[PDB]
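The data below hold one chain only, encoded as structure tokens and taken in the form solved without N-phenyl-N'-pyridin-3-ylurea (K0G).
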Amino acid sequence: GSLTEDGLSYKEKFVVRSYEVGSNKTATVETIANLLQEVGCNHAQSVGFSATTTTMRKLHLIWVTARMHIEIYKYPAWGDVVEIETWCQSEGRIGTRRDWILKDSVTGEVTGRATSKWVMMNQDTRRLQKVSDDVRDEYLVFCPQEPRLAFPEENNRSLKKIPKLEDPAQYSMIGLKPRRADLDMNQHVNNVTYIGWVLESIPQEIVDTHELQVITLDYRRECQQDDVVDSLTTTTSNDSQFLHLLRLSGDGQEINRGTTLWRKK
């Protein structure tokens, strides 16, 4: 892939692999979310980050995901080439945003889009803090200065408040544990794995009759390597909608909440 002409965004093409497709013979939202994070990483490599700056590294500060929002119009087939464009933007002192457009290489049509909110956190104390002027400046030079939004709509689903699922849940999947393959290079659970855990409580019948269009996921707390998760789902609704909760099987400490929206095949 490559930065575009103006060096304010980055583009990469992926051929969908045999093991990346699910029950519809098209790419899983989990495969998609992995490609988003792959292109995100190549963008950061391309402008000399490692997504820490010099200042962040000095202060032991990291970016962490607060929210991910994916909307898929068409999942690419096995052997299809998908093109992904990604860019970042400062949201003043609150944090940063990374956005994504997925396109069919042949038709040039938008088959998906995604957006995500990052907040700055001390690596060691795990304490959140607003973005400091020095940090704001260092990456303002790699971002469009006029607003560029994957989700521009006046009241767009990407920014809606998600409520807490009350017990009892309609559906549950109990005793979920990450294996080593769920870990990134720094021994942290991959953000994508939590997508897998949320969807594990979706009943088979929905998987058989519907396709996932939208997923919104808040990240509250990270699941450690030796934590166990419970995944909870309740129907909230031609379109089916669900409310989602991931919590630790013991004390019921919340790690995630979400909504998914499915349309009849």
The other form holds:
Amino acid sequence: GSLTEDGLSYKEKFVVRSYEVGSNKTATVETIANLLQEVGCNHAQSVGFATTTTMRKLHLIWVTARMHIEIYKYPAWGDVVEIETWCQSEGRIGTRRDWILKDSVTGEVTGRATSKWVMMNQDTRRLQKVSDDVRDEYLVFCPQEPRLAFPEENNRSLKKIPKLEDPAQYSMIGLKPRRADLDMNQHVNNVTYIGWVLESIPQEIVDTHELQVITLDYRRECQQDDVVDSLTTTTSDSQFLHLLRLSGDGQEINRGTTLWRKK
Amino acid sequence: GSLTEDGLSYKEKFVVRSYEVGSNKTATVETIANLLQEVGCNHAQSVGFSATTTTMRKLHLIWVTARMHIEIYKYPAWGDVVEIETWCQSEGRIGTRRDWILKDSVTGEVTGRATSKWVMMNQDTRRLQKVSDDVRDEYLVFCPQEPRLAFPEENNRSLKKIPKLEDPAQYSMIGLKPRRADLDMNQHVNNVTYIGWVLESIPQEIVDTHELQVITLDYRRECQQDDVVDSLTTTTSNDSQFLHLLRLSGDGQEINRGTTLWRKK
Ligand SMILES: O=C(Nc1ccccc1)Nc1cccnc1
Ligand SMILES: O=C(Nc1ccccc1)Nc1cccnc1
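Next up, the form solved in complex with N-phenyl-N'-pyridin-3-ylurea (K0G), please; the one we just looked at was the form solved without N-phenyl-N'-pyridin-3-ylurea (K0G).
Then the entire complex follows, led off by the chain already shown.
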């Protein structure tokens, strides 16, 4: 990987692996999400970072509040996928990380993603506004003019998500993370939540349709010893409403929507 | 990746990813196992497989793992480049063996090694069988003729019998189920997922104070995507050794058995 000529974005090529593909011999949305997370970490490494000289002195961390991914063509096993990522301040609210996925051979855009990040004290777990020091050190690595992966005014990534009303049409109960689901800080990987949302989608849908759009809100983090229940109801192409909650008290951890197109 | 000058082995370099590392900022044994499986697939692709031969496809025969043995000396850190070399070898009518050598791309030193035993099986009836002459000749043109062993030692750890864990287990992890990310392109549970399930019942205090050095895993039965697994562990022993057992949550049907050797950090 490498930063572009202007230093305001980062590019990396990936060869799709045999264990990264699904039943259609193409990469899964979780493999795609892992790659967006990989190019995001390599972009932060190349510019001297989530950890900053001001966030580290205050014990502040960036936490995902929302993820939106739109895939037009999933790369096949052995294909090369080029990803371009960049950051942007959004005033005091937080930061946004956007991605463009391209087919390395044709140059065609095959996907796009956007994510919203909020500040939080790592010890207290309390949300915060972005102060003037972290904002100043971020604007040196970000384009000053707005650069949006989803430019459309009032697009799908900015739409509110309702709460699934019981009873759910479909469900997957007793979902638990294992060590491969944790990251280097022993926290559940944000990609694992995507897979848990999708566990309650019927296999008949997965076999006849392809995932086109997914929007995921992150409300609470699941601890390594927590148990999750994934719920799904058809709202309609096929559209679904999703809800992740703790198996016991019913505490909400995530909510989302998925759009699927017939193969 | 590319086949070596002689065409009897395959080499591929891998940059270790941020999501592939554990609490020690180094690659997990499951990430390592996924990479051995990746270079194994790219070796089969480069020599003309789809990893079945023409005779195997005509008879509905597939290769199934019977045993996996991995020994790691140094786990590659996040961002490091790891070079892996793999090769196959016939073992008469018993089956085939795939061996690997892991090296640090910068220094050239060997940081790990692995060996695996594969048996022939009819994909439809699930019945195991001996390797026929025609199959043996088809892959011998891609294998070294002189023996080349990743674990050369006459009495080595990869050829030792594994006993069955006697109840009650010292530690346990119950209700382990595969999700879609645990299945492969044929909708079968990925053989690496079994390694993670074995390790789920190892205490977290062992994982935090020790490092996994050796793991031997026998594969007895395949877990279906709708099956539920129970992982069991008992300490058999500075180093720590464990006995492992994977079985179906209900009837107790055995799917895997193994051993792990851990050394103090
Ligand atoms: O992109 C990230 N997470 C993610 C991506 C896709 C889906 C779910 C989660 N993480 C990240 C970390 C450090 C810097 N930039 C990004
Ligand atoms: O070696 C393989 N699997 C594996 C590796 C390490 C641990 C567990 C499983 N797969 C494979 C498939 C086709 C050709 N060569 C190798």
